[PDB]
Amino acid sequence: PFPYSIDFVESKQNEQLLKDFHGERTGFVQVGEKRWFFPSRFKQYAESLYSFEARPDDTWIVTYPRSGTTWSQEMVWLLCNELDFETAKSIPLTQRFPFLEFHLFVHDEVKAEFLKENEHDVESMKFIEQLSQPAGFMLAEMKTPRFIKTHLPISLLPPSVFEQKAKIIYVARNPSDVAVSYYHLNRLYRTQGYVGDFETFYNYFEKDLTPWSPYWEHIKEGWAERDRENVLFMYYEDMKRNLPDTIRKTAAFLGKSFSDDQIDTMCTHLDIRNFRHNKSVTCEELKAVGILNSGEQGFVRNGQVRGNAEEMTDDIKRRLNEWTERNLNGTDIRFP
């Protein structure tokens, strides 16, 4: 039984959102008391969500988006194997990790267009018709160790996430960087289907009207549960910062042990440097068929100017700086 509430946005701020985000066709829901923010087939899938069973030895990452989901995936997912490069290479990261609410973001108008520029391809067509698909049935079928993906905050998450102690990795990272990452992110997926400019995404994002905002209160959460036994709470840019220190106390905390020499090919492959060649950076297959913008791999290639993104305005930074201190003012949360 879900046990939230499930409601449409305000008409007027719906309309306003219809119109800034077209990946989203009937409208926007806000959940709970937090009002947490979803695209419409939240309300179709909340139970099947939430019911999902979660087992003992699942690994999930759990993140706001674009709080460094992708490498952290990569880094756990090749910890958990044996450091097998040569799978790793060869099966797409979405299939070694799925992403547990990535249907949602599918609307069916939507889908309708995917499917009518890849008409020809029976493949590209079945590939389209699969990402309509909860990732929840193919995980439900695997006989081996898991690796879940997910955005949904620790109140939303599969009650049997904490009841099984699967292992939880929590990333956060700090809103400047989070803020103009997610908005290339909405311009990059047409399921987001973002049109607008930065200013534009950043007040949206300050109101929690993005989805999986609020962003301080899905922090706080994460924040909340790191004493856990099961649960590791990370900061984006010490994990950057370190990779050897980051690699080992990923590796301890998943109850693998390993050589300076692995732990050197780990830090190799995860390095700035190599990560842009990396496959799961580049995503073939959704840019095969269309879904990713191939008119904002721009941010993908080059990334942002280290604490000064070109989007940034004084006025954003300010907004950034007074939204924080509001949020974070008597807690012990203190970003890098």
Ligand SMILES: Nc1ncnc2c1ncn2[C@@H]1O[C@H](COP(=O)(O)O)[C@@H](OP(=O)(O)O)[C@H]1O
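Switch from the form deposited without the ligand to the form solved in complex with the ligand and print that structure.
FYI, this one's just the chain on its own, none of its partners or other molecules.
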């Protein structure tokens, strides 16, 4: 029994959201007291997601979006499969590390547009319909240790995750970097279909009117679990600064041991210079059927901490600073 309320967004704000975000064509929902924001298909799959059966030897990466999930997934997958770079190259990351809730963002009306554009390639159409189905099925079939990506906040996780004491890597990135990256993602992915500019998109981000917001609640619930035996909390920013330390810390958490030389190999493999040319971690399967707008910046983009952003303005930076102070006041959360 899915225990939290699901309410369509107030109708006038829901209308504006439908005008700016063309990947959704029914409406947006807010979930529970915290008003967790999602497209209409959350109402439809809530029960499936909540009752999804975790296993004790699952490895879960939970993050707010564009907080360093893909980087972390590749690191973790290799650490838990004897650094098997060959298999990592030949199986896509989305197959090795399935995205639990991706299917929420594949609307019927929008899937009709993908199918029309691929309507001559039966395999391309079988792939597109599969994107519409919960990953949870293929995952339940698996008889090997599983790797699961989610942006579901702690409080919206399948309860079997903590019940089974499965391992969770929670990664947090700073709001400024997340806002700019998230905007690019919303323009890149036709499943989102965002048309407006960064100023408009930041205003939606600040009002928690983007998928998986409230951002600050997502981070607080993360931080609140970081003392648990089965949780590892890390800042993207520290992971960028000291890879050898990140890899070794992550390996220790998962109960794995590797030589200075294996860590060195992993540093080369996970450097952005090599990673952005890596077949298995760029979304080649998705770009092949036209789900990605090719024009935009790429799912593996820059990977910088507080790097140059043309989109960012003094007025947005000052609001981001204020929004940071109202939310982090009387907590010990500090981005490095």
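We call the rigid core whatever largest set of C-alpha positions still superposes within 1.5 Å between the two forms. Positions refer to the first chain, counted from 1.
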Quiz item: Can you tell which of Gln304, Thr26, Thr69, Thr59 moves its Cα by 2 Å or more between these two forms, with the two forms laid on the rigid core?
Solution: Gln304
Exercise. Taking the rigid core as the superposition reference, indicate whether the CA of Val281 shifts 2 angstroms or more between these two forms.
Key: yes
